[PDB]
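Now for the letters of each chain:
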Amino acid sequence: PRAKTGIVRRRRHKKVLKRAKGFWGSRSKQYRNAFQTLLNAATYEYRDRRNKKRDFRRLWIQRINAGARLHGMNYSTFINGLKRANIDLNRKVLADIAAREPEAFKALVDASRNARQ
Amino acid sequence: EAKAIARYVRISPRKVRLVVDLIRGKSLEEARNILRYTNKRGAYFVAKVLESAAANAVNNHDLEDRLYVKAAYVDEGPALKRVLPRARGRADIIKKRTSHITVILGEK
Amino acid sequence: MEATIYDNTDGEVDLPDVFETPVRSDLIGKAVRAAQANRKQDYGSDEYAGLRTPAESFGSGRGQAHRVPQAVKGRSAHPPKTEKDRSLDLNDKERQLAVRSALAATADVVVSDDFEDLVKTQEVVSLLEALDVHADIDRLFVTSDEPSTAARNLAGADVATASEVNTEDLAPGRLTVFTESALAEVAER
Amino acid sequence: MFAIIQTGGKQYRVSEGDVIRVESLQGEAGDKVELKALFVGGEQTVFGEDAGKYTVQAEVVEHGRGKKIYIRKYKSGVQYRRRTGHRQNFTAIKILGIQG
RNA sequence: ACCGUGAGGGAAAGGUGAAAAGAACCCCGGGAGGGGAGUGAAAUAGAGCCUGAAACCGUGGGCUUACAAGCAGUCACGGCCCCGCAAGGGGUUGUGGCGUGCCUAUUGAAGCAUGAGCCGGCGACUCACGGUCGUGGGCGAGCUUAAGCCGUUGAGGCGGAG
RNA sequence: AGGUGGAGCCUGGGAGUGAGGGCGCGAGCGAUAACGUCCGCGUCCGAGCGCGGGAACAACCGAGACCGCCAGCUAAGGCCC
RNA sequence: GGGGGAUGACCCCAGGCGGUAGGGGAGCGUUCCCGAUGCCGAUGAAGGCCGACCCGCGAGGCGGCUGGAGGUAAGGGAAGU
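Chains A, B, C and D are the protein sequences, given in the same order. The first sequence lines up with residues 1 to 117 when you count with the working numbering. The second sequence lines up with residues 118 to 225 when you count with the working numbering. The third sequence lines up with residues 226 to 414 when you count with the working numbering. The fourth sequence lines up with residues 415 to 514 when you count with the working numbering.
Treat the hints as calculated values from the structure; they're not laboratory data. One or more hints might be untrue.
[Claimed, not checked] Some chain A residues well away from chain D (every beta-carbon gap over 12 Å; in silico):
| # | residue |
| --- | --- |
| 1 | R2 |
| 2 | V8 |
| 3 | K14 |
| 4 | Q36 |
| 5 | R49 |
| 6 | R69 |
| 7 | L89 |
[As the list claims (entries may be wrong)] Below, computed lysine to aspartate or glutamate pairings styled on EDC-like, alpha-carbon distance capped at 20 Å:
| # | chain 1 | residue 1 | chain 2 | residue 2 |
| --- | --- | --- | --- | --- |
| 8 | C | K318 | C | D242 |
| 9 | B | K120 | B | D209 |
| 10 | D | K424 | A | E101 |
| 11 | D | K467 | A | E101 |
| 12 | B | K120 | B | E168 |
| 13 | B | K120 | B | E181 |
| 14 | D | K450 | D | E476 |
| 15 | D | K424 | A | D96 |
| 16 | D | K424 | A | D88 |
| 17 | C | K318 | C | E245 |
| 18 | D | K489 | A | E45 |
| 19 | D | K487 | A | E45 |
| 20 | B | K225 | B | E181 |
| 21 | D | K467 | A | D110 |
| 22 | D | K487 | A | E101 |
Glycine is no exception: its CB is placed at the ideal position from the N, C-alpha and C atoms.
Please build the complete structure, drawing on both the sequences and the hints.
Here it is, written out as structure tokens:
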């Protein structure tokens with residue numbers, strides 16, 4: 001009934017370590033805060049995990065404005081007019097357009113403005 | 118190219134370190150006067166580990182002069198765990214951090 | 226049923242309701258178990274040492290903290306306590322029961338008394354070539370009252386007796402034979 | 415060759431470059447299959463029209479493969495004595511943009 | 001060994017190889033130690049010389065660094081560098097974007113409350129006899145002491161006070 | 001009566017804390033003084049009731065965090081930078 | 001929980017799922033005893049060193065380099081985990 005756990009623990013650590021890129025001076029191999037720093041980073045990522053998709057909701061937000069206004073108006077106008085829509089409703093991709101295909105964008109831009117006034 | 122060395126070398130790894138960090142990657146003969154007429158200990162030593170170096174080559178690793186030190190380094194190891202005044206109660210030992218001494222000698 | 230009689234070309238014996246039956250794995254092992262059990266050994270770690278020396282666990286209000294365990298080689302913590310009651314007396318009924326149904330498993334092989342006579346471990350090389358295979362692999366000696374002489378020695382020893390030859394016995398995977406007097410243990414059954 | 419319809423989720427702006435697509439384990443199985451995908455973003459060869467003008471025709475793409483979670487880890491942790499770990503999910507079966 | 005006047009305490013430290021065949025000779029050098037040759041299956045197996053990990057000190061290389069904040073970092077986008085799982089990823093980060101470490105005890109904690117400098121190994125709900133419910137199952141009257149006998153393996157089987 | 005829907009009751013094994021505060025309200029004390037304490041009715045936090053807001057701020061307004069980075073409507077709260 | 005499950009599994013929707021003491025269920029590697037008609041390995045036991053297949057996971061497998069001799073158990077048992 002010997003338990004020389006050995007070889008085992010050591011491993012684990014390696015484990016984490018890996019979890020251990022080459023982050024900040026130390027932890028680097030910090031078989032502790034090493035481990036730690038982790039936990040941290042983690043959850044972080046997480047909250048980041050769901051985060052992002054937001055940072056986007058906005059990103060487009062501007063690149064959007066960049067145009068939405070360009071022509072001559074804001075995203076409480078557009079928007080309103082847009083939803084006046086009926087067989088066509090989207091936002092994301094919209095942007096990355098106005099920039100990709102000017103005409104395209106430019107377009108709706110109209111059909112829009114209108115829908116509105 | 119060939120190389121010189123020697124462990125169980127009593128001395129300030131560190132100190133040593135400056136040693137080369139000079140004559141470092143440079144013409145043989147050349148630095149061969151750096152350490153000849155530089156200062157701080159190690160030198161002496163340092164010099165030495167350049168002669169059995171220049172030697173070894175030409176002799177068994179072969180084109181003289183055209184040589185130099187593509188690279189040079191030193192490492193510490195073995196310590197010398199040394200005992201001193203018992204905290205006037207508990208022991209306080211230092212360590213003459215032994216000293217390795219490698220160093221290249223390749224031909225131009 | 227298919228109570229095959231040895232000597233092969235000779236007769237055939239009946240299967241005794243007993244063996245017949247179904248099976249009972251649970252008890253199965255169990256029988257087992259209550260085997261190794263009453264049959265292992267024991268051990269532990271020093272009583273003297275592991276609580277052997279004096280000890281000046283040190284005052285305190287100094288820079289420390291404190292003849293017991295938790296600083297090296299010494300102590301234990303709850304080790305081999307030889308005083309480790311090892312037995313496990315299954316139970317009669319229990320036991321017997323096992324072997325039974327147990328054997329039952331065996332059935333799934335008839336040793337003519339007449340054999341209780343053959344006199345050389347090369348007469349086994351014989352009554353061997355009689356009926357070999359892999360199950361023989363198993364094998365499993367056993368006469369009926371007083372073992373199958375020489376029959377006892379070879380590269381598969383083991384000579385129970387129409388009395389004394391249980392699961393521990395062959396029960397394991399295994400495959401064997403019993404001299405009538407053997408099925409004299411059945412009576413034990 | 416560049417259109418932008420929208421599936422059980424926009425996931426759009428394509429034409430031919432098969433676009434890793436959200437699950438759909440009922441029509442999919444169809445290996446290199448064909449199926450309709452309502453439009454609403456008619457952008458082809460510098461000519462556009464309502465995504466409501468569209469909502470009439472559309473396209474279709476061949477049910478290509480079944481991407482297997484493109485790695486992605488989720489260290490679920492906090493100082494608050496709560497840890498745990500689960501790896502990516504979101505795959506998806508791939509399929510080219512059959513344009514028309 | 002070692003601290004203790006004493007009674008007493010009371011450590012650490014094992015491993016080359018098949019066997020020495022344990023490194024004649026030549027080299028720089030006062031030497032140790034380093035360069036060749038030779039043993040050799042291998043000596044980065046080489047004399048405290050099997051495996052010989054981490055921490056920690058070096059030598060080169062990629063990337064990166066002087067109007068910049070936080071251990072962390074992780075999400076976005078960009079340039080350099082390599083594509084033995086190539087039209088996808090590696091590594092490093094310039095920016096910006098959201099961010100108070102980690103453990104015990106705490107009404108409540110980033111903590112300026114304590115715990116820890118760093119790494120590796122030891123190190124903490126166990127065993128026995130009772131009793132107690134639950135469950136796996138053998139007979140419903142169910143069940144066995146101690147012992148007697150049998151015992152490569154050593155094979156259990158009889159014992160009926162309770 | 002019961003639209004509900006999923007709590008309820010008894011028998012039995014295993015438990016933990018056995019000292020909390022914060023807010024609104026109705027009372028006690030208190031200089032109607034205290035992030036004071038003391039009882040009550042609801043909530044609140046519980047080392048995660050983690051996220052939004054109020055700059056920052058357990059905690060008060062809204063919210064119930066199984067998981068899905070380049071979807072969509074709103075809450076409270078906001079929209080000159 | 002419920003509608004039929006063939007052993008899987010598949011379909012609906014109800015229905016949540018944040019959680020420390022603490023309660024119930026399920027799994028993972030660690031050194032050993034089986035070798036329940038089990039044995040791999042000098043063209044490497046094992047540990048080590050490094051990785052963009054398998055799993056929610058704790059681990060697996062598997063391939064490249066190292067190193068001198070072991071030990072693995074398809075399954076149940078045990079414990080100085």
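Tested hints:
No beta-carbon of chain D is positioned within 12 Å of the beta-carbon of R2/A; the least distance is around 30 Å. Consistency note on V8/A: stated as away from chain D, and its beta-carbon is indeed over 12 Å from all of that chain's, at 19 Å minimum. Non-interface call for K14/A relative to chain D: holds, since the shortest CB-CB distance, roughly 16 Å, exceeds 12 Å. Here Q36/A does not stay apart from chain D, with its beta-carbon only about 10 Å from theirs, under the 12 Å limit.
Interface exclusion of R49/A from chain D breaks down, the closest Cβ pair being 6 Å apart, not more than 12 Å. No Cβ of chain D comes within 12 Å of the Cβ of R69/A; the nearest lies about 20 Å off, and the non-interface call holds. With a least CB separation of 7 Å from chain D, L89/A falls inside the 12 Å interface cut-off, contrary to its annotation. Restraint check for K318/C and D242/C: satisfied, since their Cα atoms lie roughly 19 Å apart, inside the 20 Å limit.
Distance check on the hinted pair: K120/B and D209/B sit about 38 Å apart at the alpha-carbon level, beyond 20 Å; violated. Taken as a hint, the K424/D and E101/A pair is honoured in the structure, with Cα atoms around 18 Å apart against an allowance of 20 Å. Only pairs whose Cα atoms come within 20 Å are accepted, and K467/D paired with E101/A is accepted, the gap being roughly 19 Å. Between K120/B and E168/B the CA atoms are separated by roughly 10 Å; this keeps the pair inside 20 Å, and the hint holds.
Our distance criterion of 20 Å between C-alpha atoms is met by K120/B and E181/B, whose separation comes to about 14 Å. In summary, the hint linking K450/D to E476/D is supported, as the alpha carbons are separated by about 10 Å, within the 20 Å threshold. Taking the CA atoms of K424/D and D96/A, the gap is about 13 Å. The hint holds against a cut of 20 Å. At roughly 12 Å between alpha-carbon atoms, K424/D and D88/A fall within 20 Å of each other, so this suggested pair holds.
Only pairs whose Cα atoms come within 20 Å are accepted, and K318/C paired with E245/C is accepted, the gap being roughly 19 Å. Pair hint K489/D plus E45/A holds up; C-alpha atoms about 7 Å apart against a cutoff of 20 Å. Distance hint between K487/D and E45/A is fulfilled; the C-alpha atoms sit about 9 Å from each other, no more than 20 Å. Of the pairs offered as hints, the one joining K225/B and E181/B holds, with about 9 Å between alpha carbons and a cut-off of 20 Å not exceeded.
Using a Cα cut-off of 20 Å, the hinted pair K467/D and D110/A holds, with the two alpha carbons roughly 14 Å apart. Distance check on the hinted pair: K487/D and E101/A sit about 36 Å apart at the alpha-carbon level, beyond 20 Å; violated.
Hint check: violations occur at hints 4, 5, 7, 9, 22; the rest are consistent with the structure.
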